[PDB]
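Please find one structure pasted underneath; my questions will follow.
One protein chain omitted, others in place.
Chain IDs A, B, C, D and E follow the sequence of writing; residue 1 opens each chain.
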Amino acid sequence: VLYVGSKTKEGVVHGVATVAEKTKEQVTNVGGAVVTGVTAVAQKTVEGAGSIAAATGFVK
Amino acid sequence: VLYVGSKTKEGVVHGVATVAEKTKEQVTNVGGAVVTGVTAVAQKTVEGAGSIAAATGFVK
Amino acid sequence: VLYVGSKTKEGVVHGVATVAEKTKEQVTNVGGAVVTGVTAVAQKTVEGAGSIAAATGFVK
Amino acid sequence: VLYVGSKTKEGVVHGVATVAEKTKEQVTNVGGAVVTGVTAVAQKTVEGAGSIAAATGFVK
Amino acid sequence: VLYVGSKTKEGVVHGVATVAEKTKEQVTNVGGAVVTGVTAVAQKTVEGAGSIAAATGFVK
Partner (left out) sequence: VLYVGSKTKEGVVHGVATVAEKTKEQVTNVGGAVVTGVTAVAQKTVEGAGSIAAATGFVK
């Protein structure tokens, strides 16, 4: 019974509760990368890169 | 019964509670990378890199 | 019964509670990398690098 | 300027986040009172009682 | 300027995050009172009682 694998879980998020409460949020970039506020993110990859919250300035 | 593997878990997040409470958040980059506020992130990769909250300035 | 492996867990986070409470948070980079505020992050990788909260200035 | 009272707050709830996740919830009373699952409830009373999640068995 | 009282707060709840995660919750009373699961409740009373999560068996 090759791979009779029952209920697995891979790359799962469940049961999250969040409260963000600012008064003056502010972002100001010049020529670069910015990544904020990522929340409750899942993923599964096969035979490939798997970045999630990446941020790169230049590439040459 | 090759790999009769029952309920595994791989790259799982569950049961998170968060309260962020600022008054003046502020981000200001010039030519670089910034990554903030990542929360409750899961992932599974097969045969590939697996960065999550990466940040790189340049590449040459 | 090769690998009759029952309920494993690999790269799991569960049951986190957090309260951040600032008054003036501030980030200001120039040409480099910054990574803040990472929380409740899981991952599993097979045959590849596995960075999570990386930060690199340059690459040449 | 008798009672130039500016922006007060009295009996206020704001900024709530909740995740309930059961599999078999069950309630079974016989002749009594039950009160469950109350959430995010505000109130203001003037010259009178102010119960919110009360529960009484008998009165004679 | 009698009572130039600025932004007061009285009976306030704000910024709550909750995750309940059961598998078999169960309640079973016989002739009495039960009060569960109260969350994020505010109140203000003037000239009167102020119970919130009360529970009484009998009254005679």
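FYI, contacts are C-beta pairs under 8 Å (C-beta built on N, C-alpha and C of every residue); 3 or more make two chains touch, one makes a residue touch a chain.
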Chain E residues that touch the omitted chain in the full complex: 1-60
Positions on chain C where the hidden chain makes contact: 14-19, 21
Touch residues of chain B, complete complex, unshown partner: 15-19, 21
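Here is the rule we go by: only the chains that are shown with their structure count from here on.
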Chain C and chain E, separation of their C-alpha mean positions in angstrom: 38
Mean-CA-position distance for chain D and chain C (Å): 39
Where chain A touches two or more other chains, by residue: 10, 14-19, 21, 49-50, 55, 57
